[PDB]
Structure formats: C-alpha cells, structure tokens
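Down below is the structure, laid out as structure tokens.
Left out: one protein chain. Kept in place: all the others.
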Amino acid sequence: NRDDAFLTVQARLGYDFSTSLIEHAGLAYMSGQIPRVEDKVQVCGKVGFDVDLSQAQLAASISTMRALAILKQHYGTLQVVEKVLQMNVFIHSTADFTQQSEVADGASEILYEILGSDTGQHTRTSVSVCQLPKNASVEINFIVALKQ
Amino acid sequence: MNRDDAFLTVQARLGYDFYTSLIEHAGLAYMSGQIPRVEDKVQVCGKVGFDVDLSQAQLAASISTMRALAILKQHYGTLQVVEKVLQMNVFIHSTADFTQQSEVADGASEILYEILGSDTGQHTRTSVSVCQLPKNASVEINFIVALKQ
Partner (left out) sequence: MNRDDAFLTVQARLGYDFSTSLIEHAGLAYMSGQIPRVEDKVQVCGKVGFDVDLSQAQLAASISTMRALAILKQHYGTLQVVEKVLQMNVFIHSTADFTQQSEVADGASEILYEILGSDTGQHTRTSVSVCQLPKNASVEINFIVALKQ
C-alpha cells in the first residue's frame, strides 16, 4: 500500500503534507516544487554556504513528498503511478559544491521507499543553479506515467 | 476565439516583428529554448538584478514566449492548433540575490493566458536562476505544447 508508506515516511521526516499538474496521453507533467509544507519553504539557502548536504537531502525529500501529495490529491491514490519517467533536480548551491548526486539521492530514495524498487525507477538530472524562488535550496519537477 | 489577432496585438504593443526550433511527435510539439531575439539582435541583455530590473525581465520572458508562438503560427498557420502548453521551462540569468523568478515567469504566463484563454493557456512551469545564457541574454524559455489534430 503506497499511501501507507507515504504516511510512514512523512512521519519519519517530521513534516505533515496535507497550475501544478497537467495530464496528457497518460502522462502527468508537474510544475517545479520547492520544499514547502503549506507552512512555508522549509530549507532555504545556498547549499554549501547556508545549507549542508544533509539539509539539502531533506529539502529534496520534502519537494518529492510534496509532488507525491499533489498526485494523490488529484487522483485519490498513489496506485495510479505507473513510472516516474523523469525527475529534474535543481540545487541552489555555491560554486564549489559537487555533490549534486547525493542531494538528488535524497529525492530518489523517497521514490523507492514509497513506490517500490520496480515502480520507483526514474531518470534524473541534477544541476546547480545560482538561485531559486523564495531563496529555496532545491527545486524539482517530474514527468510521471499514469495507469489508465 | 481569435488567438491569431490577440497575438498580432501583443506583437504590435511590443513593437517587434515575430538545430531545429520545433519537432512534432505523437501530437506534441517540442520547442528549442528561445532567448529574447527579434530581427537578429538580442533584445533585453544582461543579468536580472544587476543590469535588468523586474519589468525588463518580464518583458524578456514575453519576447521569448512571443518567439515560440510565432514559430508555432509559422509552422501550422494558426494558433488554433494549440490544445495545451504542457510545460514551460524558464531560465533566468540573474544575480545570486534575485528571488523573484516567479514574477519573471509571469511575464510569459500572462501572455499565454491573454492569447489562448484561461483553459488552453494552462501550463505547468519551472522557473530557476542560471549563471549565464547564450549571447548574454536575460531569459531563455522552452516549451512542450500539445497540439489539436
């Protein structure tokens, strides 16, 4: 039950998640998500300056969890997810930070823990940008295949 | 209704004359990134938050959107082929202090809504700050657009 894994992992993080999405031909295109928990943006700052690797991995986890919550609210259940085809990770960082892959692992492992080792497979790109909306540390967008 | 004439209006108000730029597959048009270039010259150059203020950046986002719409219109005759703008990626050449990427992307979004309507003009979007852009441009935007058959 993916929805119950969702609840479990949100508790593990200590946060409570409760146009952003457009569907076409069985694919959901999702707007970029910063680490907002309808409170505000949780891990703001520049990775490698204000934000260390662990906090950036948490931020990526929150962005992914938010995307999953938007999916669930729109379709009722995370069972509709067939594959996360693409995940693009933009990291607000200094010019010396080289651990974009580890920040992105913060999001990928959320995918695995909620969707399984099969359905949680995804392509990904992970780059450093010089700034983000509202001084966020991470922004992530998705293309997700849906079951019909 | 008349998306082509709403386009003509925006072109007139801006005062400009609007690898492969566009490829279609399975009813989707993929569009190359567009910097704010009309004629041959790049219209709004510089770093947002330094050389380019918010209003100029919104104008740049508009010019890039206009370029993409013109490419669609040139390839299909009319903007009536547009069913939905599935995705718009906005890359903003800015300082390390600029945090108003959403307001910059609004320059593109508002054009989409005015020309196509609130239904067909719906789009997901990502808007991030980058370190530099081709030819020192201030904004670059690419699109995935669903087409009517």
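Just so it is clear, A and B label the chains in written order, and each chain counts residues from 1 on its own.
By our rule, a contact is a pair of C-beta atoms (placed from the backbone, for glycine too) under 8 Å apart; a residue touches a chain by one contact, two chains touch by 3 or more.
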Residue in contact with the excluded chain [from B:11, B:80, B:122 or B:142]: B:142
Contacts of subunit B with the absent chain, listed as residue ranges: 19-23, 25-26, 30-33, 47, 89, 91, 130-136, 140, 142
Subunit A residues that touch the omitted chain in the full complex: 25-27, 83, 85-86, 93-101, 121-130, 143, 145
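The definition used in the following text is that only the chains that are shown with their structure count from here on.
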Centre distance in Å when subunit A and subunit B are each reduced to the mean of their C-alpha atoms: 26
